[PDB]
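There are 4 protein chains.
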Amino acid sequence: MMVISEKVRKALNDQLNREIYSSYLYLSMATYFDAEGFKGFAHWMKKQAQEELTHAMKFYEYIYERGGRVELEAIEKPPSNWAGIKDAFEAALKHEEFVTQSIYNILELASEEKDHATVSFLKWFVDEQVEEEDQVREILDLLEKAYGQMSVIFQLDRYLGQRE
Amino acid sequence: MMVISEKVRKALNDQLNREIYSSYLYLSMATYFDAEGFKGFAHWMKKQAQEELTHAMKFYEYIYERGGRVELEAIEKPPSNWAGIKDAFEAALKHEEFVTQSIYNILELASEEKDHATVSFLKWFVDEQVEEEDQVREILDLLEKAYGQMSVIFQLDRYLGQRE
Amino acid sequence: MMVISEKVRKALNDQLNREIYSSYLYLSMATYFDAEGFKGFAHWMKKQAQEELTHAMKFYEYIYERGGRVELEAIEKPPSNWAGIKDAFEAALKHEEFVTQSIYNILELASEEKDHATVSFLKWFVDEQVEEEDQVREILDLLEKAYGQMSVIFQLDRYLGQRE
Amino acid sequence: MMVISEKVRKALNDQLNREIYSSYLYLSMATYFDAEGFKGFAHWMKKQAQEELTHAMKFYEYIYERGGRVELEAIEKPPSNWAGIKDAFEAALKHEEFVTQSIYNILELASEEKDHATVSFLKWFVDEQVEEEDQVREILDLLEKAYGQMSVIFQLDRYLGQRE
Ligand SMILES: [Fe+3]
Ligand SMILES: [Fe+3]
Ligand SMILES: [Fe+3]
Ligand SMILES: [Fe+3]
Ligand SMILES: [Fe+3]
Ligand SMILES: [Fe+3]
Ligand SMILES: [Fe+3]
Ligand SMILES: [Fe+3]
Ligand SMILES: [Mg+2]
Numbered sequence: 001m002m003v004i005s006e007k008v009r010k011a012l013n014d015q016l017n018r019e020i021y022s023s024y025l026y027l028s029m030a031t032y033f034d035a036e037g038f039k040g041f042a043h044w045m046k047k048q049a050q051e052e053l054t055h056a057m058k059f060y061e062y063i064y065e066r067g068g069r070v071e072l073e074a075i076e077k078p079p080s081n082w083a084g085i086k087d088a089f090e091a092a093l094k095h096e097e098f099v100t101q102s103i104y105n106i107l108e109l110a111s112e113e114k115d116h117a118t119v120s121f122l123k124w125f126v127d128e129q130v131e132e133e134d135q136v137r138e139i140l141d142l143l144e145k146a147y148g149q150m151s152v153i154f155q156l157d158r159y160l161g162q163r164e
Numbered sequence: 001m002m003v004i005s006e007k008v009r010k011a012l013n014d015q016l017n018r019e020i021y022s023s024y025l026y027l028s029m030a031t032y033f034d035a036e037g038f039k040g041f042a043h044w045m046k047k048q049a050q051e052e053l054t055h056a057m058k059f060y061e062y063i064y065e066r067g068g069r070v071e072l073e074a075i076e077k078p079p080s081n082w083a084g085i086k087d088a089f090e091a092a093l094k095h096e097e098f099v100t101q102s103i104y105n106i107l108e109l110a111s112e113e114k115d116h117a118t119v120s121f122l123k124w125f126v127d128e129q130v131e132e133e134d135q136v137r138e139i140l141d142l143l144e145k146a147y148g149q150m151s152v153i154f155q156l157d158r159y160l161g162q163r164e
Numbered sequence: 001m002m003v004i005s006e007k008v009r010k011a012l013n014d015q016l017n018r019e020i021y022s023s024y025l026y027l028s029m030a031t032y033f034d035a036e037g038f039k040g041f042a043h044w045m046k047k048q049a050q051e052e053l054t055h056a057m058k059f060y061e062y063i064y065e066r067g068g069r070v071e072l073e074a075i076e077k078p079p080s081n082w083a084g085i086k087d088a089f090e091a092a093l094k095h096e097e098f099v100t101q102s103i104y105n106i107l108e109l110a111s112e113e114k115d116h117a118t119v120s121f122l123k124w125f126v127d128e129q130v131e132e133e134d135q136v137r138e139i140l141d142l143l144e145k146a147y148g149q150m151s152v153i154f155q156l157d158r159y160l161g162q163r164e
Numbered sequence: 001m002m003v004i005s006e007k008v009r010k011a012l013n014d015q016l017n018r019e020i021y022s023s024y025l026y027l028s029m030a031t032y033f034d035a036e037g038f039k040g041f042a043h044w045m046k047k048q049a050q051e052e053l054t055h056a057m058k059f060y061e062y063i064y065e066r067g068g069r070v071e072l073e074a075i076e077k078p079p080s081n082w083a084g085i086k087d088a089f090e091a092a093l094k095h096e097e098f099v100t101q102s103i104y105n106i107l108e109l110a111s112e113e114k115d116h117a118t119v120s121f122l123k124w125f126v127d128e129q130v131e132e133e134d135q136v137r138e139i140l141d142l143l144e145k146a147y148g149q150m151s152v153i154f155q156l157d158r159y160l161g162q163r164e
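As given, the protein sequences belong to chains G, B, E and E', one line each in that order. A prime marks a further copy of an entry chain. Under the entry's author numbering, the first residue of the first sequence is numbered 1, with each subsequent residue one higher. Under the entry's author numbering, the first residue of the second sequence is numbered 1, with each subsequent residue one higher. Under the entry's author numbering, the first residue of the third sequence is numbered 1, with each subsequent residue one higher. Under the entry's author numbering, the first residue of the fourth sequence is numbered 1, with each subsequent residue one higher.
Next up, chain G with everything else stripped away, as it sits in the complex:
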């Protein structure tokens, strides 16, 4: 029997679908980088793509642990194109910043319902969102010091290309 409220379980099932769209958007950003020929920026986006699926599946399993069930919704067609590589990472950071407020809302909800289990579970994601945002800001700060200079963008592309 479901020991999570339907309201809270909807909030988790939504953020779940939100993390899948997160992976999808990133995969799409890989299509952008691959098209412009930065195979290393593309490699990074694909790796973030599958990291988001591991986020999705943490919500998947917690929902069933508390006796819920997941309904996968439709996935919106994500953007296909950005200005510079700086613009895509700005869209990345904005999306990440939107994802962390999505999670704060689920947190604040469960806090009102005194569902301490969901309140606790959700803290891994509060910490990982600090890392995910910071990952992106560091990249943007280096982009803006490349200042177009492409010997440096090569050094970035080759580098991000080495993420495991």
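What the hints contain is simulated information worked out from the structure, not anything from laboratory work. It is possible that part of the hints are untrue.
One copy or two, either will do: identical chains are not told apart, so a pair holds if it fits within one copy or between any two.
To be verified - Straight-line Cα separation of at most 25 Å, DMTMM-like style, residue types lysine to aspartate or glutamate; simulated pairs:
id	residue 1	residue 2
1	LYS47	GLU108
2	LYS10	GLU36
3	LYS86	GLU6
4	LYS47	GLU164
5	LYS77	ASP127
6	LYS114	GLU36
7	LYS46	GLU61
8	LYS10	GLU138
9	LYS145	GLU90
10	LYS94	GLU6
11	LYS94	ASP141
12	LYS46	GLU65
13	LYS39	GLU133
Position chains B, E and E' with the ligands against the provided structure of chain G, taking the given hints into account.
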């Protein structure tokens, strides 16, 4: 873009400098124990002065992860002298309980601001302060039993001198 | 029983507090570099901050080995910002030149007191200073030849970030 | 052909005979401790007797490396008894302070003769003396805190008997 409010960024930069003073105070307690010939008690204070610096850096790294920047403030001269070994450790405990409260104030503040990243971050330090206080209470407890019997005080000195 | 003069003890104690300020100042230059996005330069300053505490602790242990004791004085608030990478290191070297002069003065003093134990002890620091200055001009030299591109000031940052 | 002065050679030769007396004196303090039943203190003095012969042999080899030769003079009968453990070590340190002054005098002499080879050679002994004195005050310090019980003066004897 700083994603922490300046009010909480100031509280953490304060708590950083406060962790540095802890390090400084403890090394001063080591100057005392060394002047009094207890080189193993002094080893403990030099080891714990080191621990405090790692605490300071945990705030350092966190402030920059949230778009902040650290400004180091002046460090008040700590005391040079205590009554005896019991008095010095009692000063240490009363100082760690003050640190614990000081951390509580930043958590109660971040909570009011719905800044859940900082509330989660400070979990590590509340758990850590539990052990810091207990480390010191444990030691005080065996000095009372010692009641001067420098066969026990000696063997304690010789054993707290193998802290890693 | 103390076998250094009180003039020489004080000079060693002042030097210990100067080495500790140095540690603080270097950590302060890391708070600059981290704010400006050069995690490698920040890594180098942080590693330099640790080194200066091992210099402080070498004046520590020597004072006690001569029957003396260490008083820890207050740490002045250090500068928190500089005009550029070059400018921060120019401040770094101007400081290092000031410590080597400071050490010189307390060498010439122990000489006059025909305290040969302390003259011999300070040889190590006369040697370490020669390196610590030269290490910093090598960096100013590669920075006067870097004159602008992030392509060199990156490969430099990245490599200075490998200081063990 | 001899390249030290005869004033400096004699001073080194007198010092060699003083290091040898030291070896004898320390062996004599072991004959006290062994009579009084403290085989560990006796072990420490015996190991110290060997060490002083390695100091004697360092003035030996240096004299021949400068074209000189060593005359062995007569060894004065040393004291054979003391008022207590504390008192014997107080005599030990009073002696060590006398050798470090003796060495100082022949350093200040080689300086005046601008014999820099011998000034540099004596650095090692200025360093070793700082340790040999400090090692003995550490023992007087643990003996002023031992003030009576064989329970501490045993665990001390036993451990000093582990000197390699
Ligand atoms: Fe995610
Ligand atoms: Fe993410
Ligand atoms: Fe702490
Ligand atoms: Fe602490
Ligand atoms: Fe230094
Ligand atoms: Fe330095
Ligand atoms: Fe000797
Ligand atoms: Fe000796
Ligand atoms: Mg601890």
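We went through each hint and held it up to the structure:
Neither within a single protomer nor between protomers do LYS47 and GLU108 lie at most 25 Å apart by alpha-carbon distance, with minima of 30 Å and 34 Å respectively. In this assembly of identical chains, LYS10 and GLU36 lie within 25 Å of each other by CA distance solely across copies; the values are 19 Å between and 39 Å within a copy. For the identical chains of this complex, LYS86 and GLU6 are neighbours neither inside a copy (40 Å) nor across copies (27 Å), given an alpha-carbon limit of 25 Å. Taking identical chains as interchangeable, the C-alpha atoms of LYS47 and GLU164 lie at most 25 Å apart whether they share a chain (7 Å) or sit on different chains (21 Å).
In the homo-oligomer, the alpha carbons of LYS77 and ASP127 never lie at most 25 Å apart, since the shortest distance is 29 Å inside one protomer and 31 Å across protomers. Taking the shortest alpha-carbon separations for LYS114 and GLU36, neither the intra-copy value of 49 Å nor the inter-copy value of 28 Å comes in at or below 25 Å. For the identical chains of this complex, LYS46 and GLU61 are neighbours both inside a copy (23 Å) and across copies (12 Å), given an alpha-carbon limit of 25 Å. Proximity of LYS10 and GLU138 under a CA criterion of 25 Å is satisfied inter-copy only: 23 Å between copies versus 34 Å inside one chain copy.
In this assembly of identical chains, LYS145 and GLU90 lie within 25 Å of each other by CA distance both inside one copy and across copies; the values are 15 Å within and 22 Å between. For the homomeric pair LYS94 and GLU6, the shortest alpha-carbon distance between copies (21 Å) is at most 25 Å, but the shortest distance inside one copy (29 Å) is not. When the C-alpha separation of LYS94 and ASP141 is checked against a cutoff of 25 Å, the pair qualifies only within one copy, where the shortest distance is 15 Å, while the shortest distance between copies is 30 Å. In this assembly of identical chains, the alpha carbons of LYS46 and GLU65 lie at most 25 Å apart only when taken from different copies (17 Å versus 29 Å within one copy).
When the C-alpha separation of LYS39 and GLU133 is checked against a cutoff of 25 Å, the pair qualifies both within a copy, at 22 Å, and between copies, at 17 Å.
Hints 1, 3, 5, 6 from the list above are not met by this structure, while the remaining hints are.
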